[PDB]
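Student: The chain contents come next:
There are 2 protein chains.
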Amino acid sequence: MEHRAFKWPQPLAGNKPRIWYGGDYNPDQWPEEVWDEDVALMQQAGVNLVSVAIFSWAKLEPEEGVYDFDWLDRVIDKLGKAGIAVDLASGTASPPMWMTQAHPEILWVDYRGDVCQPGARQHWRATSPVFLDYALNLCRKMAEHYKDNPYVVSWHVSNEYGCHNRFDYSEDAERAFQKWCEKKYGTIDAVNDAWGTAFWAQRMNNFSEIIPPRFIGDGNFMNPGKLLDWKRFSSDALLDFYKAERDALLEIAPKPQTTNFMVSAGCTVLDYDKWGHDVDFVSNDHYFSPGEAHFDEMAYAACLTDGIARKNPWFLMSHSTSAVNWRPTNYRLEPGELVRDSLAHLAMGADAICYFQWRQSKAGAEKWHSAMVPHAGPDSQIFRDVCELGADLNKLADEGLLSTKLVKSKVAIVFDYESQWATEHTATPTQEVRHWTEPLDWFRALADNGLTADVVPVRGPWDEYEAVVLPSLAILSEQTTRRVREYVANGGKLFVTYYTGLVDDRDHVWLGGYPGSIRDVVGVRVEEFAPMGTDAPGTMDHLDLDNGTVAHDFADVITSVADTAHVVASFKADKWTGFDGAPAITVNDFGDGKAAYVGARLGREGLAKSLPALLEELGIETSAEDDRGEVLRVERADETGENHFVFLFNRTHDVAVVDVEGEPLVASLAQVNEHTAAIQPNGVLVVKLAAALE
Amino acid sequence: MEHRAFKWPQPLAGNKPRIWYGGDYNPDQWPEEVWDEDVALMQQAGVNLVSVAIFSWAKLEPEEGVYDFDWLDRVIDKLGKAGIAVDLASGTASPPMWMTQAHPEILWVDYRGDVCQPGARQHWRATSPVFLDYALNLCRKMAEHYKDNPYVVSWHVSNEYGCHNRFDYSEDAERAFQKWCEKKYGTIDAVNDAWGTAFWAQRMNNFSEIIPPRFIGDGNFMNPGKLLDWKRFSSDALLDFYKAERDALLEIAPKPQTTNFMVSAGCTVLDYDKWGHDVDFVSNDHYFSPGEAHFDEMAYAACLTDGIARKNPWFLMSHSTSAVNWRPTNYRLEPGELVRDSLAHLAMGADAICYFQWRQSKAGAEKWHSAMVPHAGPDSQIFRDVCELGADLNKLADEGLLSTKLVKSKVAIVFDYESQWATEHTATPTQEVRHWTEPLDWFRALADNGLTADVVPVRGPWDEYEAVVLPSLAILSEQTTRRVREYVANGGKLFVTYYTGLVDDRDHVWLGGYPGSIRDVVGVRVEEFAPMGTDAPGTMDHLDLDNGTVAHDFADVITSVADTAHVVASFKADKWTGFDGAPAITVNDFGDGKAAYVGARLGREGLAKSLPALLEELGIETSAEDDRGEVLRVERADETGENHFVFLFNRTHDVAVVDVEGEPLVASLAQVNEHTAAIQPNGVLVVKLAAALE
Ligand SMILES: CC(=O)N[C@H]1[C@H](O[C@H]2[C@@H](O)[C@@H](CO)O[C@@H](O[C@H]3[C@H](O)[C@@H](O)[C@H](O)O[C@@H]3CO)[C@@H]2O)O[C@H](CO)[C@@H](O)[C@@H]1O[C@@H]1O[C@H](CO)[C@H](O)[C@H](O)[C@H]1O
Ligand SMILES: CC(=O)N[C@H]1[C@H](O[C@H]2[C@@H](O)[C@@H](CO)O[C@@H](O[C@H]3[C@H](O)[C@@H](O)[C@H](O)O[C@@H]3CO)[C@@H]2O)O[C@H](CO)[C@@H](O)[C@@H]1O[C@@H]1O[C@H](CO)[C@H](O)[C@H](O)[C@H]1O
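So the sequence lines, in the order shown, correspond to chains A and A'. A prime marks a further copy of an entry chain. Read in order, the letters of the first sequence are residues 1 to 673, 676 to 696 in PDB author numbering. Read in order, the letters of the second sequence are residues 1 to 673, 676 to 696 in PDB author numbering.
None of these hints come from the bench; they were simulated from the model. Heads up, a few of these hints could be off.
Which copy is meant is left open, because identical chains are indistinguishable; a pair holds if it fits in one copy or across any two.
[As the list claims (entries may be wrong)] Think about it this way: if two alpha-carbon atoms lie no more than 16 Å apart in a straight line, the pair counts; the simulated EDC-like pairs of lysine to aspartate or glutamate are:
| id | residue 1 | residue 2 |
| --- | --- | --- |
| 1 | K367 | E424 |
| 2 | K575 | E334 |
| 3 | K362 | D504 |
Just chain A, same shape as in the assembly:
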């Protein structure tokens, strides 16, 4: 509750505002003579900001209490003198070897008591008082040294908290988890009650009896209430460390500050919407998913970023020019995708576009990760494309893109980090169902029907939207249950799926029939589930619906439908399953609103096909056109609507022709005409609308 005031990295003295463009720069990894070439190439590419010193601790503090800043003063001076701004890191992302050799108590400990060693990065415990002292000291030294530097426009505090150190099981974590439980519950009776410890003789007499969820034998079942709280605690322990580092910097050197998130459809290492309350601006690292979901999942993640940002501008701190280096198979980007993907984030509300990283490493663990200047060097398709992007972004700022905001959708898809965590336990109805996939499925299926959804975290203002999707939203607290009931009562249009509202925020089941807190709203009562799969011969692996769709993985057993509701689709099945003729999809009237219930996993394709009848019943208007789905349309506008941009992205492997409605500004793999344009696969067109017209 409560965001910090929005702050943004400001232009250097004498510059106009720009879409910030550039990325991580690691000059410490090259001979100094390379730095003049870097700068010349950056000017060519239109680069205007770089992120420096992110893992430079071992250079800045080469041994305890010895500081070496001169190389970085020098780099920062050459950048600034060329008009390139610096987003400066704290430098505290990962500790040097001298530190972990003197203080092995810093290193995080795994569920079995094995100590993560140096050799990669981020091997520190979030609750180490010793690592905290080291970090805050370096933050103070950096702040003191760079506080009156005019080329430094922002702090980049640490890097991707929890990417490697989400979980620690040390004695430090044990003591901190105990204190976090006492602060959250007050008494051990309220912990026993929250975690349901009357089973398996788990009841505790005092706080000292709370241990971390350490090794219990592989395959055995941890207490779910406790594991959910362990995840909340791990997120909060890292957030407290961020806050301390932030506050140490800001007290000496008050500049716009952020830390880079890892928002993507499937990453929930942290409750990023909570974290969004502690940053001045939201910044995000996102790397494409391979294959057919590349475009859609990226637009989704960018959308959720914007939703975390409460529609404020946000900063894309990283993405790749082409391949990453950490998947089993590191696919390259296809032609056009470098520009398209950058513009996808821009469309969804970013006012900074940055890459990991500027110059591709020639040695170390990152050498095979793509860069803005590849091994090949500047004479490459990649660097030319980087240059073209630089020019596109200068153009879009010249035409007024800056501080426009992602337009308000008709539909808010709700997302809850905590509901995901809840669905991750091993003793749920099926390991094939998690929260995270369903909102992405709804985003894509709505796209197929010509509608661009907003993705809104559960804390944010989804109840202001024309329609709302609760997508496998396993947790509904008392508070959220009330928000839902009121939302619908007062004219809302609600879609609710299987695996919604199973439990409260303690992972206590809502009894009486699922979804046990909102049966009245949805007008159905579910008695049990029917998971599906192919784990043994003869298992039930699908259910047909009578609207021509197929359910996989999970279906609800709906045994009553209220009088104020009706059935829109029914399962068709072999008689012995009990599903022949059972209700699959319903719609209910509730006060002035409506709620549809989708009682099974239909996937993108099933939902896409199911949606027309449901959009019609709920009075949600969309384009009628056959080619509706071919292109994702994304809009930004200022509050007045006089600067309005539309970004059009082909989602397909066919040429998409579209009615073009304003002035074309940027075209990648697209040709304009007569208000027509043909967009090649992986193509994008961006248009500025004339405010005096339609």
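With chain A held as given, fit chain A' with the ligands onto it using these hints.
Tutor: For chain A' with the ligands alone, kept in the frame of chain A given last:
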């Protein structure tokens, strides 16, 4: 050698004998006001026994030397006053947190020296003298308190020994394994000889040099003799703990006592047939396997339970109303299956039918496991079905089912826990072959041919049967070899498969040609094996036989056939494999008997098709009808045969019509006529035969 005298939980004062019906009850997990509702619902459902206090240690002994019995006196009083009996637990199944915090030496240790922590259940070492002292103390306190309680009719000692703590590698286990080896072998020379330690420089000078089979590098090969003995020792160490707990209870409070087994086709955590010698009555927990084997594997496991029970009545301590919560995908039961599955166990000789559990948990690790009263509550298909079952079981006891016994089959399928263990080593001909699958395959294939097999442990009286199957029975001791030779000599009909009699009880190979101890009996000599699979391109993955069947995974290389034998089926293969025309299935004459040899894995379907010619040759008579296989017929009768029941179960997804031969008593998804009945998929009919008729 030597069973205890059979004892059975007796009716409460003023009741007649009943099929015990109910399950685990955990009132400690609900507010006390719920207990009056539980009791009212139990009466409605026909519930007449519940199992209480199984994991209640942390409530009964909330801290060391403080006892709190009053809540359970109260619950037991309300149950008893409503006519519901209590199967009372020892309460010692899993220790409280205060205990493991004071005494971490209690916790079991894994192969790598990592200590299993509290967080789930049963984290105690079988050979901890300290955990033993705690357990026996609580057993004495419970026995003393409940010894003159008339509503307590049995002891339920601990719960599922070895489900989580089968293996411990602590210093306690090291010392105990040393003593178990000395007690078994007498001298270190006899251990060296048993384990074959002259390879890999493993020879030991004394007992102190025997360590547990701890971590040797993942992928490396433990000594097989030793690992087999480790498994026997782990089973015996838990059995000694059971015996001590039992004897501590019984000395103060002599009531019928059991501990719940985990008999299923594939579970061999313990030598359950040995354990069967130490219980007063056999009790079993069994949860359905998903997909097409659900019915058959359950009938098998129930059958093996009965065989462990030496045809005495046995107690089904647990099974599920619908889904469990511990598989990757927790399928629900289909309509009818709740009643059908319960009656399957009943048919195979159970005189008690109980579920985990009475009321579905609303919190903790078990919340998604089905119950008799689901989250949904009593207004559910599940609770109605539980009520219908209650009524069916009252009816069947009124008609005389109690203490009838599962009829003697023509065929005994032999099962050996130890042979399974032997086949589990990593350096066998193939990891795709284990003992356990073959007896289940034979049970199903015989069912397909209209015969209901008995499953008889190797120690029991299989040599009294008309026919006997040795199914991948890898171990044949000197003693069992002699029993087999005599059995056949004297008129027995024997089926022997691939992977039988490879080794003696020390895992020493019988030399000269497999199966090296009974070549004379089976009239074949095998020189080597041909495992099969798809592990690389071009591997041999099957062999056709000339009776229209296909072998997969394993075939024997038979190189001679005795004069008293002939070949019934031959492989057909590409010439270069060497299998074209080689013998696959033989029959031999040996004294007055016969032995068939099935020299490959044919599966249920191959064996089913192979069986007519083999049943004909061995003079085993079966129904001739085409629809033979559609229904499993299972019979119980008293010694006189004047109370005779027949249970008929559809195995198929078609409607099965059957000739009905007595008075119909219970019908689920079946309709009776003219002595005809039509049984729907998942249906069952139970009939009492008129003793004066056919
Ligand atoms: C944003 C990002 O990807 N950064 C990391 C990368 O992140 C992965 C980890 O957080 C793991 C930990 O659970 O989860 C991955 O997300 C999963 C998600 O958990 C699944 O549910 C879902 O289905 O799939 C996604 C993956 O698609 C995170 O994405 O981890 C790699 C490997 O450690 C890092 O290399 C990467 O950070 C970047 O590394 C670059 C190369 O070394 C640069 O260091 C750059 O500074 C970083 O942004
Ligand atoms: C009878 C039963 O299933 N009880 C346990 C369950 O048992 C499994 C374990 O013993 C593991 C250990 O090896 O083996 C499983 O059997 C395997 C077998 O080993 C394989 O060869 C074969 O192919 O598959 C079977 C599985 O189908 C045992 O079945 O383990 C679960 C998970 O730990 C327990 O939840 C279950 O006990 C019941 O748990 C309920 C829910 O918490 C209640 O506590 C109830 O009291 C228990 O009966």
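Student: Each of the hints needs a verdict: does it hold here or not?
Tutor: Quick rundown of the hints versus the structure:
When the C-alpha separation of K367 and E424 is checked against a cutoff of 16 Å, the pair qualifies only between copies, where the shortest distance is 14 Å, while the shortest distance within a copy is 34 Å. With identical chains, the CA atoms of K575 and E334 are at most 16 Å apart between copies only, with a shortest distance of 10 Å across copies and 49 Å within one. Taking CA atoms no more than 16 Å apart as the test, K362 paired with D504 passes between copies only; the shortest distance there is 11 Å, against 51 Å inside one copy.
The structure is consistent with each of the numbered hints, conforming to all of them.
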